[PDB]
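Next come the chains, spelled out residue by residue.
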Amino acid sequence: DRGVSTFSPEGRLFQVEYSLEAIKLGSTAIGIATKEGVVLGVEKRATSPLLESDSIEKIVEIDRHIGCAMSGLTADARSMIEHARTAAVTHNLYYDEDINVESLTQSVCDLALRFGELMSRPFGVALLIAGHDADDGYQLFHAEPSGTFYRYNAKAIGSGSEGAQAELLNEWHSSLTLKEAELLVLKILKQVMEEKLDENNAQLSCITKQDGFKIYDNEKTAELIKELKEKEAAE
Amino acid sequence: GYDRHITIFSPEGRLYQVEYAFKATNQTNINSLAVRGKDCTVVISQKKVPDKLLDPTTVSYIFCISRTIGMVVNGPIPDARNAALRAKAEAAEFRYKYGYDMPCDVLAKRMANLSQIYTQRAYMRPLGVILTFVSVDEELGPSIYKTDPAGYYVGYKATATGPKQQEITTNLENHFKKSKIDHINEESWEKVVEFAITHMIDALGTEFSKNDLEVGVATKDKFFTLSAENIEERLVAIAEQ
Amino acid sequence: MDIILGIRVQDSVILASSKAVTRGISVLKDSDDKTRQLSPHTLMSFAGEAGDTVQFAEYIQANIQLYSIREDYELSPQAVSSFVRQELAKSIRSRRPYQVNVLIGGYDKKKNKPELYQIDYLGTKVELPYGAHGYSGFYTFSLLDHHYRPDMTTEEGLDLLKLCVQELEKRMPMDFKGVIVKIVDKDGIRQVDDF
Amino acid sequence: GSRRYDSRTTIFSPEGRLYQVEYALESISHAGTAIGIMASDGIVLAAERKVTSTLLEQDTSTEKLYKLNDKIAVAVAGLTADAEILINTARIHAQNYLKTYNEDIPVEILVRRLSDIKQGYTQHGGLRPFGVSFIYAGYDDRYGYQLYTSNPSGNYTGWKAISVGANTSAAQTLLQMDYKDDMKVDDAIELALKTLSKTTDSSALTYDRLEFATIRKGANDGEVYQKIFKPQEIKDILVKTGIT
Amino acid sequence: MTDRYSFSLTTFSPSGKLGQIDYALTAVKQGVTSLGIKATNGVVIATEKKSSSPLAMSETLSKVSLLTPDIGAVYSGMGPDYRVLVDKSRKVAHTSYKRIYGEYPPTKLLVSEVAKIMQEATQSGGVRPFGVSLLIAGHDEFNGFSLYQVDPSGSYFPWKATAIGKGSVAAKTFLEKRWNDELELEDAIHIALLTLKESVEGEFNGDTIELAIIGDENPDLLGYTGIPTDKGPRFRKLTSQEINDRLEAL
Amino acid sequence: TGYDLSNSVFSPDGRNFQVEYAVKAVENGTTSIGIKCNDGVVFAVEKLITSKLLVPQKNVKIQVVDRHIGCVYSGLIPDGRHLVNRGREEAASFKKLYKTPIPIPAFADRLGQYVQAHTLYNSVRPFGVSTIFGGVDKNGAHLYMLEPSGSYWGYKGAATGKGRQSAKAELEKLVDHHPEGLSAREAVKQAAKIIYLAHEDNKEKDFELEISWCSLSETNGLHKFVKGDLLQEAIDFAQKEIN
Amino acid sequence: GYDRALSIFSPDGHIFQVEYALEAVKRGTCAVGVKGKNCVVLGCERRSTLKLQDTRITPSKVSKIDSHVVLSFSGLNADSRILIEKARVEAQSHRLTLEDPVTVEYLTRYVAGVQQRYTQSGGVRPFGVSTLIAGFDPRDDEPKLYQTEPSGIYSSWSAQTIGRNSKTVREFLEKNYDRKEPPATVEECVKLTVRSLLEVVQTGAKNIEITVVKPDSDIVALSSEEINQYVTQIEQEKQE
Amino acid sequence: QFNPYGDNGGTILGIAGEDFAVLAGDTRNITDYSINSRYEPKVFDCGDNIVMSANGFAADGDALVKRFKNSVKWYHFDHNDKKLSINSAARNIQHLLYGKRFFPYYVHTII
Amino acid sequence: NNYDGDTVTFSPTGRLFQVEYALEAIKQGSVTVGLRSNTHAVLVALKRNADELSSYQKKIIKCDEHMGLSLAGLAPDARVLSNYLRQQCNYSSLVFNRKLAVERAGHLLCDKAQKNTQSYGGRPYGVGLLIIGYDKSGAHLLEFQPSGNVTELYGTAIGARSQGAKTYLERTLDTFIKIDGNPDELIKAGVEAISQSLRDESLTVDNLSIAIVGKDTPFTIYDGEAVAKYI
Ligand SMILES: [Cl-]
Ligand SMILES: [Mg+2]
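So the sequence lines, in the order shown, correspond to chains R, U, X, P, O, T, Q, Z and S.
Counting with the authors' numbering, you get residues 1 to 117, 125 to 242 for the letters of the first sequence.
The authors' numbering runs 1 ahead of the 1-based position in the second sequence.
Counting along the third sequence from 1, when you hit position 187 you're at 187 in the authors' numbering, and nothing is skipped either side.
Counting along the fourth sequence from 1, when you hit position 200 you're at 200 in the authors' numbering, and nothing is skipped either side.
Counting along the fifth sequence from 1, when you hit position 117 you're at 117 in the authors' numbering, and nothing is skipped either side.
The authors' numbering runs 1 ahead of the 1-based position in the sixth sequence.
Counting along the seventh sequence from 1, when you hit position 218 you're at 218 in the authors' numbering, and nothing is skipped either side.
Counting along the eighth sequence from 1, when you hit position 57 you're at 57 in the authors' numbering, and nothing is skipped either side.
The authors' numbering runs 2 ahead of the 1-based position in the ninth sequence.
So that you can see chain R by itself, here it is in the shape it has in the complex:
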């Protein structure tokens, strides 16, 4: 065989590149950042109709001001979330304040490359970390198993990502309202999803300064789905 921390001839880590292929097989997750808030949405993708879809937890709270959506080998994300939650609460204990979104992301990304021959392999999951702080305002971050993170105005990850990212390129502007962003995530999710989009196989969430991180109810999302379909038929 061959080493876990080996470089390829092109100058990339084999295991990191292979984990990126696992993330492409994962279900779609989209995030959009505005001046009124950051929206996070995911494809649930139940493997069978008997599976109770509300138990699929692919959007997750880290703190009141920071939320998280995932894509790939979602079991691997559990220890990453646990670390993020502990980092957020621990900082609040040491400094009597909320922790910066960027600093939280950086702490999660420090786990990523702690593998070799520490854990035996990289994580097989990508994260969209969305939040708000007083300094830099509403923020969206994409955290990879390479240990790298980019800030984004909008970002898609998972199986329909390259198609959804091209769509987000055209649609995003700096004056988007929160309501506009909610519909835009639902619109783009419906395009790239295999099965037909509804309240049971897709989930929305957001983070605002005032109300913090909130996962939307199936009743609330259903009305936004209905509002979206009417607006597309209206022209």
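These are calculated hints, taken from the structure and not from any lab test.
Errors might be hidden in some of the hints.
Unchecked claim - Take a look, some chain S residues computed to stay more than 10 angstroms from chain Z by CB distance:
{"#": "1", "residue": "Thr41"}
{"#": "2", "residue": "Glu154"}
{"#": "3", "residue": "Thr177"}
{"#": "4", "residue": "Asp186"}
{"#": "5", "residue": "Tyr224"}
To be verified - Computed footprint of chain U on chain O, listed as stretches where at least three residues anywhere in the stretch have a Cβ under 8 angstroms from a Cβ of chain U:
{"#": "6", "segment": "24–30"}
{"#": "7", "segment": "45–59"}
{"#": "8", "segment": "122–129"}
Stated by the list, open to error - List of simulated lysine-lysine pairs, DSS-like, C-alpha gap at most 27 angstroms:
{"#": "9", "chain 1": "S", "residue 1": "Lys180", "chain 2": "S", "residue 2": "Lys168"}
{"#": "10", "chain 1": "U", "residue 1": "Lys53", "chain 2": "T", "residue 2": "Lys25"}
{"#": "11", "chain 1": "U", "residue 1": "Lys110", "chain 2": "O", "residue 2": "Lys116"}
{"#": "12", "chain 1": "U", "residue 1": "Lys181", "chain 2": "O", "residue 2": "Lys49"}
{"#": "13", "chain 1": "T", "residue 1": "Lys174", "chain 2": "U", "residue 2": "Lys211"}
Idealized CB from N, CA, C, for every residue including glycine.
Starting from the known structure of chain R, arrange chains U, X, P, O, T, Q, Z and S with the ligands on it as the hints suggest.
What follows is chains U, X, P, O, T, Q, Z and S with the ligands alone, placed relative to chain R:
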């Protein structure tokens, strides 16, 4: 065929890394010889200094392990010096723990046991050296004990090691058939050194200058190496007879 | 903590334990239950150093409950007592020992016999017809030497116990705020609410 | 580095099997047969010694049958040295339990722990598994007489009659034919010997190639006795059933 | 750095063979013949002293080794592996027995400890098996005289008489014809010398043969007097002269 | 085969191919020399000027150990630095316990045993440097050269790197022409010449000369760098000899 | 310690050791979980190539983790014991610190976390086991059924099956189980579970095990005759 | 027996206004009945408009101030040059002090 | 080929392929330029983005008040090495009340990178660094490579198409070295240098990243509208 890379058994019950370590022994192309007198033990080895830029005083394969024990190595110098440093440490520790000087045969056994471990444990390679230990032991008298990369060791009436070892061995065998005894029946160590050089000359068929040889001598309560002039004095004595 | 008593009769084991929890010059509580159910037919009462008592009792409780789930079987009172003794015997040579004395009352379902074990903080185990820890024994043992009979009923055992509590309330210096009484028999563990 | 030489003893095949466990079972299938038969009033353990030499000391020998405590014994099939490591661990585990609870260890608990040790060697540590299968014969006051087996996978199961080692397929078919639930110890002794006599790779079954043991309640009143049979006692029981 | 070989180097092949054990047994086959014979009042163990060179002093190399005062050992196969096993066997007889019970272990239990050490080299990380088979002869009060063989796997078997190494197949056949249950110790030494002559090719005398017995107690070899219960070692190595005396009436 | 894929494996010859492969990395590196003299030693090295953008005099390759030992090496520069760092620890623990500064032969064996240790296991790589070093102790001047195998000897003159054969030939002439001895100030000038002559085997990029020395009379038994007037004097001597 | 990364990514983004552990689950005997209106039922296959067994003492397929939660599995039997033991220990540890028994979701999440840890820890292979975890939360009457697998993913199921020929029985359950109206009684839930196993099993003799879990630590295992009555009833209705 | 603590004397004083704050301290440093220095400052600017003094045993006082100054530096590195608020500084100093709960810094701290 | 499985293996020609593959990761990285005069030292870095929706990856990191670097290659490895440099700078301040010399900083990075190239299991660092600083001997610029090789220079560049900027600085050497007591002009020369490595793209306001340290100037980084002056 990874059974030839590490010290595990081959299908025919062999350890190839041990066998190849034996071949590393002759990489220096040097022949050594050891013989016992009545009161002494003499060891001699060829000294080859090919490079003109070398300081010839630093080129040596004979080592003073303790005050009483001497050691000559057949093999590459890095492994020789590794073995020498360990033997020195072992001999010193023995004296501290047990209150008397480590015997030649006991040190030989200890180094042989260490060599054995490298043939059984995978992460450690064998040393590519043959170690010939000499002394005048306070219980056993004049002593020659030799160790190899297999972890084998035994006492010797006399011995030889190197590429042309077999020629030297038979030369010595024939002498002890004739003399009917276990040693060189000689009073002074000077004449035992003369015997050793004389029989090496006959077996190898080459003549030696003072800088072509290296000599170690063990007596009661000390082992010492001879200088170029001490050897030259010895070569003159052989020539005038 | 202070007063814990035990009486083994014909068909049951009765444990009586004081209700007071005192710290300094203040009785902080007067309704404290100084016992834990280890298994359906085994009860352990405890007394000693503050904190240690409950921490030890609950630790034993967790281990016996774990055994019960694993084997789908209840350990005998003799087996539970031997386990408890060993834990205390380990503890006494630790950095900080558990300073806890216990009584283990149980009904062995295989033998159809009640059993009472007295174990001190050193790991000193004895099976007894009646037992007590602390200063209580200095009154109750001689009283029970006189009035106890091996063939008594549970009702006779409760009257015998009332006689002990009355003597302790008369001659003990401290107000221990009465006792909680529990009975261990073939049908399990139950609490006497009016004592 | 060392990665090059790692056999990877604790991995799955593409089919979902454990290579080393399967190959250890293949090793055990060439070992001398061992039979266990459980009766209503006792248990028999019988085992065939691996191709005996005439100069082997027979009376002061122990290959197949080992005592774990006063109430539990095992029959071995596989590498004897591997078995002795596990037996000494089992002997210690039994005494730890007795020290803790002041009661003799229940048979299943001892079996589970020994099987859990074997399991560990298949999931972690990078070491080869133990090339051993055990037949456990024992008694406790909960379940009475019990027969179990364990194998290199660390999986264990309970039996009324069972064989391990060589020719188990043939042996199990003969046991399944003649076994019944109301059977006595003396009948089970006869069945054990008859089964070995037919499944043996030798020409004829003799006293010097056999180890035999019973666990009866044939002591005096409500107590269990272990009888590891002597050579002369095997010779007599072989004549008594009419095999020689 | 550090021992990165934490995995087994002996594993099961598809056929169920343990390759490294089989190959260790092959190394034992190539080794020089050694044997053991049990008598009614003693045990004899013997082997040829294969000299590496005639300049070598074969007295300094001891193939037959004392383990305890009443237990001895001989081998066939790789000599260095044997030497370290004798060191470990002597030490384990003290650490796991004499320092606990104040007396030497019985033969069977010391054998069991040696077997354990050899089994561990078959399963532990980063090691090969020992390339030797041992014959261990001994006496103890409650078991009397005994003789055991120990193989590279860690397996051991008791023997009335046996041989291991080069010409073991022929030597075992020879012993079967001569061995009976009424043999006296002197008769067993005689047979041991006859058996060993078949496998030896060159010189056959007290200087090329190494032979030891487990027999009567030797008070003269104890080194002190005054304790009646201490009567001396039962292990005795026969001298070069003592062997040659028995070779005349052969 | 496959005997060359792992360090510490003997080939059927009795050779460690991985050590021989480390020697190739040494042969690839720049030229460095050592000259033993009357009462001390002189070290010199070729520094290839890759670009105009390299700051002159500010990429120092010769290293000091303790206060009396100089070390220079050819091959993988970081491996050399790792060896010197060890040497400094070895020299410090010697002085700590025994008070006296480490003798040069003693120091040589400390490096020798450490390099040799990196040929014993497959979990480490051999050193990709040959190291020329030495100084002045109680017994006088000593010069040593240490190789990837752990092999070292004492030398009258030493050379390693791409221009080793040219430098060795030039060194052999000095040993023959000066049997009574060479002086410290002479050896500095000769060192400059030999580096300039050895530069003919690496002549695409022009170079920068760097010299150091230990001498009982000239530097008081301490290691110093040759700078300023004494350096320019040695450069001019070397420039005159090539033409 | 043995450090080797056994579970690693391949070029196509798969962890083969985890996927091969799923194959071991596919080889294992079938296990089914069906949750009703006021109950959960766990059904398990037992292969009939083993006669001369002692069913008194043989390890049962359904294991109690606490008095209110049960765990069945499919895959390697020896591996399952290690997960069951850890779960039982965590159940008692939760009672000790929180003064409340575990929820079914919490116990599942713990077992799933253990399985996940063995997919990115050095020197270990994944568990060749998938579990069905069923029960009722403390002081709650809503039935809970969860599934775990070697990768570490877990989720809740109205009904689910695992093991050999599980795709056949999952097909059966997908059309026969109504979300709007689950099995209203214990009898209805057991029957649907037995029916689903009868698609795959062979004979309904000593091949099917049924365990019924009800609220407030009310767990009972059905005997041969009790199960055989369901088998006899289903076959007579089938002939139509 | 060796006593790891000492008393270096002096005194400090902090007052808060509406849009300002003062932290004052005398410059005398003593041991027993001797003056060590007439001018040895113990009120320090720690950056981010925070002033600090740790009066009592001066070795512990200097150690604590040094550690807090260093804490401010790493707060900038780890949180994108963010200004450390006075309330956050206060909590950080609690953890510094309580870290040595069983071998305390013998000092009275004011920021 | 057969000798690139790990960093512990030499090739038959004496090469370490894992180190060379790590070196290759730097060439794929975005361009960054370093240059200095006698009074000041300047870093200029072309930042890279994933797409138009993403932010531009920050290339420059501060190590102390008088020292910092720019990176090219694996950014997490730069974070590890910069964190180590922060600690070593900080150790020098707390223990010795001494600002760490820029030369010692380079020596410490060299030795840290080396240990990863000689031991089994580990891997080389996959990043190149340009360290600038002002210490007791004036302005300094260093180039770090993950082979371990550290080099002091007047100017340099690393990353993709760095040869264009490196050639320009080789021509401009005599001019920019004497820009003393003038920060803006030394930056202008650095901005003109990095422009020689541009293809199709040009320097925009959120693309360019500049840093400076000097005699009476702490290490400070300029991004966003602060660099609009130099476009
Ligand atoms: Cl030893
Ligand atoms: Mg007591």
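Here is how each hint holds up against the structure:
With a least CB separation of 25 angstroms from chain Z, S/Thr41 remains clear of the 10 angstroms interface cut-off, as annotated. Every Cβ of chain Z is farther than 10 angstroms from the Cβ of S/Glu154; the closest lies at roughly 25 angstroms, confirming the non-interface assignment. At roughly 34 angstroms, the least C-beta separation between S/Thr177 and chain Z is larger than 10 angstroms, which holds for a residue marked as non-interface. Annotated as non-interface, S/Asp186 keeps its C-beta farther than 10 angstroms from every C-beta of chain Z; the closest such distance is 23 angstroms.
Every C-beta of chain Z lies more than 10 angstroms from that of S/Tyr224, the closest at about 13 angstroms, which supports listing it as non-interface. Counting residues of the segment 24–30 of chain O whose CB lies closer than 8 angstroms to any CB of chain U gives 7, which reaches the minimum of 3, so the coverage claim holds. For the segment 45–59 of chain O, the stated coverage by chain U is satisfied: 8 residues place a CB nearer than 8 angstroms to a CB of that chain, which reaches the threshold of 3. Figure legend: the segment 122–129 of chain O, annotated as covered by chain U; annotation consistent (4 residues with Cβ-Cβ distances under 8 angstroms, at least 3 required).
Only pairs whose Cα atoms come within 27 angstroms are accepted, and S/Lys180 paired with S/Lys168 is accepted, the gap being roughly 18 angstroms. Restraint check: the Cα-Cα separation between U/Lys53 and T/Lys25 comes to about 23 angstroms, which is no more than 27 angstroms; the hinted pair holds. The suggested pairing of U/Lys110 with O/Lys116 holds, with an alpha-carbon distance near 24 angstroms, which does not exceed 27 angstroms. Between U/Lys181 and O/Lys49 the CA atoms are separated by roughly 22 angstroms; this keeps the pair inside 27 angstroms, and the hint holds.
Pair hint T/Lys174 plus U/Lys211 holds up; C-alpha atoms about 24 angstroms apart against a cutoff of 27 angstroms.
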